[PDB]
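Given next, in C-alpha cells, is a single chain: the form deposited in one PDB entry.
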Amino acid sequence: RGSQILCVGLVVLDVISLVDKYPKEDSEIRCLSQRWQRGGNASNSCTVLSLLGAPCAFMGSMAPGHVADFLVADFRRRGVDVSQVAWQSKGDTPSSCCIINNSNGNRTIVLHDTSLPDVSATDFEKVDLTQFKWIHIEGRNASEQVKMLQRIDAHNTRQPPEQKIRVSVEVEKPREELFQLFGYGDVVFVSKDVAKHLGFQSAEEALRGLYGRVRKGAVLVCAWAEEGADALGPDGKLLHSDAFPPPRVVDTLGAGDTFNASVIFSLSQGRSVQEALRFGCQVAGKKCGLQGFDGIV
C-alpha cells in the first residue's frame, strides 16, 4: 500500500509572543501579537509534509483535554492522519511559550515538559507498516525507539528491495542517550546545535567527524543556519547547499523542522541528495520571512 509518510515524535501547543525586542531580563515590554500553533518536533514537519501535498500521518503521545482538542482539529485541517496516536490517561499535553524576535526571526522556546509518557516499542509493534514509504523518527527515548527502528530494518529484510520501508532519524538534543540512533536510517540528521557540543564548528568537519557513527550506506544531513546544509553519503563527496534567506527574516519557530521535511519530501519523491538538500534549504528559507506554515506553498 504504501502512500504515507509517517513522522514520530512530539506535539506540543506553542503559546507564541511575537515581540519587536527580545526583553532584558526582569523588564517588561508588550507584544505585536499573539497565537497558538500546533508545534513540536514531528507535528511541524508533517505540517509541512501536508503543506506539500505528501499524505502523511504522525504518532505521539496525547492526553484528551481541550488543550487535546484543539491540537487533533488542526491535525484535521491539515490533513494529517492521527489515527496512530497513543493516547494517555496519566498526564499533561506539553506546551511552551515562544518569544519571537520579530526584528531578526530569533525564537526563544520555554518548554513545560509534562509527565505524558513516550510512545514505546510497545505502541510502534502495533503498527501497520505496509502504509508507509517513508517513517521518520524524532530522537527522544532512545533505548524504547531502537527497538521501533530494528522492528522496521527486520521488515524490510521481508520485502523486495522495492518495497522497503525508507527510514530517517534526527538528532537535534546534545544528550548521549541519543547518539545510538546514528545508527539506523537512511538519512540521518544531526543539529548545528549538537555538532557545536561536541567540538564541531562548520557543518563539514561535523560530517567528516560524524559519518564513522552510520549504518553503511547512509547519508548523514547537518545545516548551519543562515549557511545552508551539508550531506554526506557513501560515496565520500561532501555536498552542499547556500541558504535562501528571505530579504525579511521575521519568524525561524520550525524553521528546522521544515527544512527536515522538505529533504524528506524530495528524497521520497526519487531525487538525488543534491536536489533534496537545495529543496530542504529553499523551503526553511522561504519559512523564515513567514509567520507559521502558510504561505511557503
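Residue numbers count along the first chain shown, from 1. The term rigid core refers to the most C-alpha atoms you can superpose between the two forms while keeping them within 1.5 Å. What changes on going to the form deposited in another entry:
- The comparison between these two forms, aligned on the rigid core, picks out a single residue among 120, 102, 84, 180 whose CA moves by 2 Å or more, and that residue is 102.
- When the rigid core is held fixed, the Cα atom of residue 269 travels less than 2 angstroms between these two forms.
- Superposed on the core, the two forms differ at residue 29: its CA moves 2 Å or more between these two forms.
- Once the rigid core is overlaid between these two forms, residue 281 does not reach a Cα shift of 2 Å, moving by less than that.
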Given for the second form:
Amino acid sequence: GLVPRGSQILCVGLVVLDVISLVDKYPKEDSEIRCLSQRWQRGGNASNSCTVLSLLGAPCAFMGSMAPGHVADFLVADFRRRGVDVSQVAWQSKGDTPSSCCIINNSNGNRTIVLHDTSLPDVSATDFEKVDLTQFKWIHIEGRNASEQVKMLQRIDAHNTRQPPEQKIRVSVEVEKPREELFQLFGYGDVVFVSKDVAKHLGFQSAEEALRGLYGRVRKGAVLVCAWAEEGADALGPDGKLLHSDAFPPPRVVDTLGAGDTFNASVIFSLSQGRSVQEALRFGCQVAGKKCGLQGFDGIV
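Got the form deposited in one PDB entry; could you also share the form deposited in another entry?
The text that comes after this line covers the one chain and nothing more.
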C-alpha cells in the first residue's frame, strides 16, 4: 500500500530463524533427548532493530535476503506481527533462508550454537538500485557484504546531492563483526556504530579509546558511536567533544540478547526525531537497559 514520502526508516541486513532449545545437560553426540522448552525466534541485527523501531512508533521497512519457503514464511509472519514493512525483501532463487540452532544448557547457562549456513546470496548493489528511495527518511546498514554495500552508500549519496537539506535521507552504518572487510564502511554514513567486540579486536580497551582511535577513519561531519554494555555508551562528533551516558541497569538482568540492536534502533530513532546526539545517546541507553531486564522485546515500550 501507499507509503508517504520520507516517512520510513529502512534497515538493511540479516534476518534469521533461531530455534532455541533449553536442555538439562548438553547431548552426547548421536543421542535422542528432550528439551525443557523450545522457542522459534526471528533474529538478525537489521531485523531486531526493525522490531524495536516499530515498538518505538516509527514506520519501518526491512531489506534482507529471503528464499521462498516455510522458513521465509514464519519469518515474514513475525516481521508483520511486529508492524514491519516487508515489501523491500530481495527474494532469491538460490540458497537457504538463514536458520540457526541454539542449545542452552540449563545448569550453567552455556550456549552452543550451530550457525545458519552461507548458501543465500546477500543483498546486492543491483538488488538495491531497484529501490525507489523517496520512501525513506533514514537508511541504516548492517555491515556484511562491504564492497557491495559501498555501492548502495554511494547511491544514497547521489540521491542526496539534489535534495534540499530537509529532504535528505539520513544514513547510518553498523560494523559489529571483527572482519577486515567491513572496516571501509567506517568512511560512510552520518552515524557509525562500532561494537565493543570490534573495538576490542582492534585492541582498544574502552569506548573512549575506540572513539578517539577510530574517529579519523570516519567521513567528515560524522558521529561515531560505541557502547560498552554496563559501562554505558559514548559518542564523538566533528566538534571533537566526547559524549557519554551511563547504563540504566534494570531491576535484574534477564535477556541481553539483542540489546545492542535495541541501543542501535533507539539511537537512530531519537536522532530522526530531531533530538541531540547527547539526548539520542542517553535514550539509547535507557531503552537498551529496560530491554535487558525483559524477555524479548515486548516490554520495552
